[PDB]
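Shown next as structure tokens: one chain only, the form deposited in one PDB entry.
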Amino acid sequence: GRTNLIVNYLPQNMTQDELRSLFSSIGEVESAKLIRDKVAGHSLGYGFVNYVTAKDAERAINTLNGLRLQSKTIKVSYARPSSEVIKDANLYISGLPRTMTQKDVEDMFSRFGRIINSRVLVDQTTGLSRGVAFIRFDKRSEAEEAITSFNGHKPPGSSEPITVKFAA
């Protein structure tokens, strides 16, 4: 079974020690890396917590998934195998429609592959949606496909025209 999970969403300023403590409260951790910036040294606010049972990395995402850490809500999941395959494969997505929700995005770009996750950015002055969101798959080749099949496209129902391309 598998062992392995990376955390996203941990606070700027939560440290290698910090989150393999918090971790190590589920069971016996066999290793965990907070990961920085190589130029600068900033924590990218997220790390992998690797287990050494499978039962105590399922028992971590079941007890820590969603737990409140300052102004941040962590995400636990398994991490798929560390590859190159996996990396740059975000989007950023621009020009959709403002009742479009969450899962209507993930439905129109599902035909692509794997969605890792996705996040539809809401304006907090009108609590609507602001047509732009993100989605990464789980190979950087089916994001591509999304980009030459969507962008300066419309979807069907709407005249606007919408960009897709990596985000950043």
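Residue numbers count along the first chain shown, from 1. Compared with the form deposited in another entry:
- When one rigid part swings against the other between the two forms, the hinge lies at 81 among 101, 125, 81, 28.
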Contents of the next structure:
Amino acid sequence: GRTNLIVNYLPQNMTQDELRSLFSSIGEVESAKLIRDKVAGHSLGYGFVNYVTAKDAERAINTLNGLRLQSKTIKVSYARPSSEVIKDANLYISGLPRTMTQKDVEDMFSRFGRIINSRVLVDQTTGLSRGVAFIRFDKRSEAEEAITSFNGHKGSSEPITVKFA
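Moving from the form deposited in one PDB entry, what structure would you give for the form deposited in another entry?
Left out here are the partners and the other molecules; the chain alone remains.
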């Protein structure tokens, strides 16, 4: 479920602004970067657009890849491809307590390997923590361990589920 996309063949004078604006128009953007020569200032014509939702990221590619601009036919594609993302040491955890927070959940799983990233899910109406979370590990072996170490647990009502996504 990638949110990061790569853009290039961007017109030479397009600005980090026109980039963002042009990508926001499709969804809601976390951050957009235009790659500039730090010293000389000019656009190297690479763009990184990060969405909040994957939905909108998939939406952006469909609508914006191939967009004709100043004869520049820009290319929108997922920053990470299906070659690498598909091998992420990434697991779904339900059953977690509502009091835990991204960091809390992170530290409690520290003990298995290098935690690349983590997202904790909140409720739609209620808004506060849900007990479901996602966690990415450095390499697979660290995740297996969580699965073996935490799949089933405890004074709470339900057992915690750990398994690959």
